[PDB]
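**Q** Start from the sequences, fold in the hints, and give me the full structure.
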Amino acid sequence: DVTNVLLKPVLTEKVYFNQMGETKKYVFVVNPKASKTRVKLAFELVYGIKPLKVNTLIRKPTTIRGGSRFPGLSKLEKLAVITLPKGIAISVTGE
Amino acid sequence: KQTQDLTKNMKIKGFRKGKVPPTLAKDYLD
Amino acid sequence: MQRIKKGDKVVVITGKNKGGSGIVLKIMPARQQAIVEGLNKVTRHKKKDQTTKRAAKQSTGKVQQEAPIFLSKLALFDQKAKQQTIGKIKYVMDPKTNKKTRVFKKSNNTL
Amino acid sequence: XXXXXXXXXXXXXXXXXXXXXXXXXXXXXXXXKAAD
Amino acid sequence: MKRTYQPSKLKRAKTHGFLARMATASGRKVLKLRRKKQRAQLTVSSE
Amino acid sequence: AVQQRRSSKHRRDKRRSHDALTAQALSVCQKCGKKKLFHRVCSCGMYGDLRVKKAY
Amino acid sequence: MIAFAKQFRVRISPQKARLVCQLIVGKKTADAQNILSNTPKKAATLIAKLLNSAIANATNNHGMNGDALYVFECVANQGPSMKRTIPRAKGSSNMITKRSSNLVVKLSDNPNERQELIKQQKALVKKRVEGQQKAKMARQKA
RNA sequence: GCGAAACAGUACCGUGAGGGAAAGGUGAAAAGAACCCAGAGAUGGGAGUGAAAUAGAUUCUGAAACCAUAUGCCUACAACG
RNA sequence: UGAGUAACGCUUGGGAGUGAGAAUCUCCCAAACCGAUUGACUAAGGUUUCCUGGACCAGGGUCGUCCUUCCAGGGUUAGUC
Ligand SMILES: [Mg+2]
Ligand SMILES: [Mg+2]
Ligand SMILES: [Mg+2]
Ligand SMILES: [Mg+2]
Ligand SMILES: [Mg+2]
Ligand SMILES: [Mg+2]
Ligand SMILES: [Mg+2]
Ligand SMILES: [Mg+2]
Ligand SMILES: [Mg+2]
Ligand SMILES: [Mg+2]
Ligand SMILES: [Mg+2]
Ligand SMILES: [Mg+2]
Ligand SMILES: [Mg+2]
Ligand SMILES: [Mg+2]
Ligand SMILES: [Mg+2]
Ligand SMILES: [Mg+2]
Ligand SMILES: [Mg+2]
Ligand SMILES: [Mg+2]
Ligand SMILES: [Mg+2]
Ligand SMILES: [Mg+2]
Ligand SMILES: [Mg+2]
Ligand SMILES: [Mg+2]
Ligand SMILES: [Mg+2]
Ligand SMILES: [Mg+2]
Ligand SMILES: [Zn+2]
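Protein chains in written order, with my numbering: chain A, 1 to 95; chain B, 1 to 30; chain C, 1 to 111; chain D, 1 to 36; chain E, 1 to 47; chain F, 1 to 56; chain G, 1 to 142.
It should be emphasised that the hints constitute simulated quantities derived from the structure, not laboratory data.
A hint or two may mislead.
Examples of chain F residues lying across from chain G (beta carbon under 8 Å, computed) [to be verified]:
1. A23
2. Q24
3. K31
4. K35
5. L50
Below 27 Å or equal to it, Euclidean Cα-Cα: the simulated DSSO-like pairs (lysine-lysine) are [as the list claims (entries may be wrong)]:
6. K36(A) / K53(A)
7. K106(G) / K35(F)
8. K36(F) / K83(G)
Beta carbons are placed, not taken as given, at the ideal position from N, Cα and C, and that holds for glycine.
**A** In structure tokens:
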């Protein structure tokens with residue numbers, strides 16, 4: 001509802017491999033506390049096309065910048081894979 | 001031609017060389 | 001108020017440059033410095049770096065810029081007086097506009 | 001060319017130095033050389 | 001050979017965890033002292 | 001067995017007196033001129049008058 | 001007129017490097033290069049680079065003839081070490097000291113270069129004695 | 001001097017309670033060495049800035065033990081706190 | 001100092017290539033061991049050690065152009081497990 005559970009879309013080789021061939025699959029990063037239903041609701045209120053299904057990924061924090069004078073940890077990411085129906089392809093940028 | 005020249009190296013954030021997008025190479029490195 | 005502002009004429013009273021006239025372009029209050037144009041010209045040995053659209057050329061040779069100067073070495077320059085001289089300033093408050101204005105103490109010149 | 005480093009942190013000779021805890025938890029036992 | 005320490009998530013958390021320490025007067029005394037020493041790793045719960 | 005007395009810095013060098021190195025015998029190639037250690041193929045693969053290996 | 005070249009933190013040991021440096025001190029340029037290029041030692045393809053750099057900056061920077069260079073002094077001073085813990089048996093441990101050498105090679109064109117060094121030292125000793133003597137008349141003057 | 005002048009109750013040790021360090025100083029100002037030479041490069045030698053570069057980032061001063069070089073003298077029938 | 005001494009902790013030959021540099025890196029051909037296992041799937045534990053590209057300060061008991069090391073980017077999809 002508040003639509004703070006859609007932080008940033010991410011574009012990688014896996015993402016672009018999916019974003020072709022009839023059904024498109026768009027991968028965003030979402031609030032780690034959000035649920036699948038909240039992700040679908042956010043997509044409903046801000047895009048307008050009902051996802052066919054939603055898959056979720058949790059990327060665990062790991063050590064980064066190892067050996068550097070001050071080492072630091074990573075940030076917890078939850079990934080969401082929206083899949084729109086046949087024949088529909090909306091743009092992530094431009095509204 | 002020009003798009004062939006602009007696909008060599010110049011690796012984008014999430015990618016490597018070779019499979020550079022055929023149409024999207026003017027956004028990050030503009 | 002402040003002794004030195006951005007814009008007023010200033011000279012140097014100590015160092016190699018004596019009677020060094022310039023215009024203050026910018027004031028760092030925290031480090032008590034002041035960049036004055038034409039004085040303390042240093043020439044950094046400009047390397048070559050190419051990692052950006054602008055860095056592809058980044059033509060830099062013997063660029064001479066401005067080094068900051070301690071605010072203590074600076075002294076305000078008089079202009080209204082027929083015989084220009086170096087002096088100290090006050091912080092009188094004129095009731096005409098109720099705004100603080102600097103006035104020299106060896107004369108009666110504002111700012 | 002194109003040899004540059006515009007990042008705020010960049011170095012090839014990474015600073016590191018190994019330390020020693022002087023772990024010497026050594027002991028010993030008895031013997032067959034006992035003259036009683 | 002079988003050394004003394006055989007790791008296990010469940011056993012470690014149930015013996016030296018925060019909830020295990022916050023169940024008796026002795027554990028409360030230990031945590032206050034560890035807070036006095038300003039230990040970054042208060043218990044084994046935090047990595 | 002372990003030293004009950006320390007060996008000075010002079011006895012050490014007296015023992016090391018026989019550790020000096022020897023200069024290996026060198027000769028001149030008859031087709032390129034560089035010095036090569038004796039009885040061995042030069043850098044050009046030219047031993048005497050015989051083309052041995054392809055040029056470096 | 002001594003030209004020189006240096007190398008800090010050379011991986012070779014000074015002990016295992018002095019054996020090679022003693023094979024080139026006092027030797028002519030071409031013969032030293034020829035001798036050092038065919039010696040089967042680790043500290044031979046590193047002293048060669050230092051020697052070559054020294055020749056280059058002697059005939060380019062300081063402007064010397066190039067047909068008069070002889071190895072004046074090639075030495076391997078003791079460099080900083082690094083301490084590591086080698087795990088021994090029965091729980092003990094020892095300290096392995098990877099030792100490093102600071103290499104410096106020096107060549108001259110004049111075969112009498114030691115005389116000038118003794119001369120400067122002689123000049124230095126004399127300046128100390130002259131000051132004492134100059135101080136003594138002044139002490140007597142007052 | 002508080003264990004801790006630096007990001008110290010940290011790194012690290014132990015299952016745990018607990019135990020527990022070392023490490024400061026370029027230059028007035030980075031003006032941190034463009035350029036040339038050797039090298040694959042780091043780097044070194046010049047050039048340049050600077051009063052000083054043997055103040056060069058290994059950055060106030062730099063002791064001894066220790067390791068090398070050299071002028072001069074002595075030493076291969078010699079029992080040596 | 002011991003001392004450049006002991007030790008370097010079970011596995012061969014060649015051809016081609018990269019590279020400034022190759023017994024140690026890549027490919028190929030053999031060769032030798034495992035084969036109720038050095039084969040394959042997982043629990044526990046480990047916690048990115050997984051993939052790509054680059055590097056050879058440090059570590060690899062030698063070497064290294066190479067690494068489970070370092071840098072940058074990426075990788076883990078459940079109504080039925
Ligand atoms: Mg899931
Ligand atoms: Mg000696
Ligand atoms: Mg010997
Ligand atoms: Mg053991
Ligand atoms: Mg210098
Ligand atoms: Mg010093
Ligand atoms: Mg005699
Ligand atoms: Mg006799
Ligand atoms: Mg007697
Ligand atoms: Mg006697
Ligand atoms: Mg000892
Ligand atoms: Mg020794
Ligand atoms: Mg022995
Ligand atoms: Mg032996
Ligand atoms: Mg042996
Ligand atoms: Mg082995
Ligand atoms: Mg073998
Ligand atoms: Mg068999
Ligand atoms: Mg197996
Ligand atoms: Mg790691
Ligand atoms: Mg890999
Ligand atoms: Mg690689
Ligand atoms: Mg090695
Ligand atoms: Mg299904
Ligand atoms: Zn030849």
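**Q** A separate judgement is required for each hint: does it hold in the structure or not?
**A** Against the structure, the hints come out as follows:
The beta carbon of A23(F) comes within 6 Å of a beta carbon in chain G, closer than 8 Å, and the hint placing it at the interface holds. Restraint check, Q24(F) versus chain G: the minimum CB separation of about 6 Å is within 8 Å; hint holds. The criterion of a C-beta within 8 Å of any C-beta in chain G is not met by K31(F), whose closest approach is roughly 17 Å, and the hint is violated. Interface restraint check for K35(F): the shortest CB-CB distance to chain G comes to about 4 Å, inside 8 Å, so the restraint holds.
Annotation: interface hint on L50(F) violated; nearest CB of chain G at approximately 21 Å, more than 8 Å. At most 27 Å may separate the alpha-carbon atoms for a hinted pair to count; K36(A) and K53(A) meet this at roughly 9 Å. With a C-alpha separation of about 24 Å, the suggested pair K106(G) and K35(F) falls inside the 27 Å cut-off, and the hint holds. Annotation: proposed proximity of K36(F) to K83(G) is violated, straight-line Cα distance about 41 Å (limit 27 Å).
This entry does not satisfy hints 3, 5, 8, going by the numbered hints stated previously.
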